[PDB]
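Missing here: one protein chain of the complex. Every other protein chain is in place.
Letters A, B and C mark the chains in the order given here, with residues in each chain numbered from 1 onward.
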Amino acid sequence: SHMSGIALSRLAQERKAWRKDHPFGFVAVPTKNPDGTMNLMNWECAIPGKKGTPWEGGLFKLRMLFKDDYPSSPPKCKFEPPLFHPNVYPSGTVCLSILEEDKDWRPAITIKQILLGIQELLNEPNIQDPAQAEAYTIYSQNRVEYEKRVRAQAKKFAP
Amino acid sequence: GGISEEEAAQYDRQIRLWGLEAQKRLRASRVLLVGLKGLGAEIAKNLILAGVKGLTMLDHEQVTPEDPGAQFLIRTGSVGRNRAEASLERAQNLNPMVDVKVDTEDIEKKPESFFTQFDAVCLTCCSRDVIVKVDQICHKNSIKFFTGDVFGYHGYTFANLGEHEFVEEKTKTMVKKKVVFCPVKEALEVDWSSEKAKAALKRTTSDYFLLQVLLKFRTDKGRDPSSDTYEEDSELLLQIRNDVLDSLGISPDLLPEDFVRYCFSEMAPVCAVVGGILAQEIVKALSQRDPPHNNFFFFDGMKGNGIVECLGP
Amino acid sequence: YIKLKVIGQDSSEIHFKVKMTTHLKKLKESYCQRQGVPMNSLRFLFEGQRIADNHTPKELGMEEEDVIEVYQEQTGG
Partner (left out) sequence: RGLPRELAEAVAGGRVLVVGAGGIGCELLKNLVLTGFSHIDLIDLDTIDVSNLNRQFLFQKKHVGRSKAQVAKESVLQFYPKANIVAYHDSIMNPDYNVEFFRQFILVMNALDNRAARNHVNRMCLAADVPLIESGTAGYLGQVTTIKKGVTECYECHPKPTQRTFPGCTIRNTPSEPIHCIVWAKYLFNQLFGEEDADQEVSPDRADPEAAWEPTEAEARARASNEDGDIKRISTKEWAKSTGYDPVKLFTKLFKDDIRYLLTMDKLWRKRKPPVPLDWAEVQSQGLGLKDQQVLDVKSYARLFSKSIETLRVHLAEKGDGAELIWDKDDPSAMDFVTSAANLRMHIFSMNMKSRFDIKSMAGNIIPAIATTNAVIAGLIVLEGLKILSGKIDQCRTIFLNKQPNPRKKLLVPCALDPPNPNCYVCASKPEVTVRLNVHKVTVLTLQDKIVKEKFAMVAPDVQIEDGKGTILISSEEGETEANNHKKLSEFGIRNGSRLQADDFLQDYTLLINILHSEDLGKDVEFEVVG
């Protein structure tokens, strides 16, 4: 939990920027410590399903983990509980291009940007790099059952 | 191969650096160390920790009141004992699998056959004539020769490996190289009356001339400059600098007049730095791995420069 | 087009091809990518003087086949 000074300052500035102006429906608040305070290195986020998509009407909770290397390293995002998606690991970890330093992650990109990217990936996935082998299977085989499962999952997570 | 499990366990960190083959080469090498002063103590500690087969610490002088109170190898209250005998217990306790021996005889009286048992001879706080004689003996019998000293904020390191063959990692992996060294009589008597020599002098660090001046001072007075006689020693050092640099047809101006303020007494950090550099050079020569530095290394504590020079060819 | 040589502490000799007017930030980024270490840890200095991002070879007067020294900071011991 011991974080660097630049990481802490960047996280505080990021929290201030998010509280000043954030997209509607999205939630990104630092988690609560057992003592009673709140932890800047651990964020409890929530991503709403895009309207007009099978994911609509659901609020998908996400956990954001920052290490001392932040912002030089991307945060570790995972869905709690894990959801059904080709690009989400069974452990809940979400595999995104912008969430990896060697592929697309840049230190100047913000929490709002990565949350919107996760929402976009939720709306439409990529199949060149799947992560589930079951959601991928019933996405590639027949899309109708994939949409049915997505709708059921969104209904299950409706706030 | 022959490395025991305990040896590997306690040498793992340096094995991962320079190979089990070089560790084994170190394990079969015996080093002779003269002048167990602060620099000698640092070199002995580093060599014993490296894990040589044995180390013969030679010192004919006794512990004097003018020596520092703490010496890292001589226990307090050992005034009047021999330096090698005083430091033997701690040196042996540094590494139990290294055969650390003690010789209280003078280096001058040692016959030529005495040096043949060692494959590396290191000299510390020795006069110029002794350095020349020991280097000639080592070169005749094909023994790696090292010498170094610390004076104030300045230190120096010399190596004479003869025709040295070693292996160095390729840039891109084990390639073989050969370097030829020169004796002390050529490194300390390099002519400066050529155009190439003049350019080299323009590019040569002034620490070489400081080393020459201090070697002349030790030859004359029989002792290193002392703090308690600062005025007389400083005047004599300035005179020696003038005469030495005039005898070579050089202008004393390149050696600053304030050089006498940083070449007095022995300092623990300077001793540590120079001893580390010299011990790494000895390890590199014994293991025949990595290119050893040129025949000279000069250190400036105040400025923080460590300059490697090739003089004599 | 001026050829530049960058050598590390371990004498890792790597050649570079840069333009006369381009800034040296591109060289630092390319070296960092090629060596697999971020450019923040590495420092590039020219004749003992640190090279800044906004510097150009014309400012430093670099010539053909010149040497640039890079020093990595060590986290250990």
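By definition in this document, a residue touches a chain if its C-beta (ideal position, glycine included) is under 8 Å from a C-beta of that chain, and two chains touch if they have at least 3 such contacts.
Touch with the chain omitted from the figure is made, among A:72, A:110 or A:123, by A:72. Considering the whole complex, the residue from B:137, B:161 or B:283 that touches the absent chain is B:283.
Of the residues in chain C, those that touch the hidden partner chain are 7, 9-11, 38, 40-41, 43, 45, 47-48, 50, 67, 69, 71-77. Of the residues in chain B, those that touch the hidden partner chain are 1, 3, 6, 8-18, 20, 38, 42, 45-46, 49-51, 68-76, 90, 93-96, 152-153, 227, 264-273, 275-277, 279-280, 283, 290-291, 293-294, 297, 299, 301-309.
Where chain A meets the omitted chain, the residues involved are 1-9, 11-12, 16, 19-20, 29-30, 33, 35-41, 65, 67-69, 72-74, 76, 78, 81-82, 84, 89-95, 99-103, 127-131, 133-134, 136-138, 140-142, 145, 149, 152-153, 156.
In this section, only the chains that are shown with their structure count from here on.
Measuring from the averaged C-alpha position of chain B to that of chain C gives a distance of 35 Å.
Work out the mean CA point of chain A and of chain B, and you get 62 Å between them. Among the residues of chain A, none is in touch with two or more other chains. Remark: chain C residues 11-13 touch chain B in the complex. Across the complex, chain C is touched by residues 171 of chain B.
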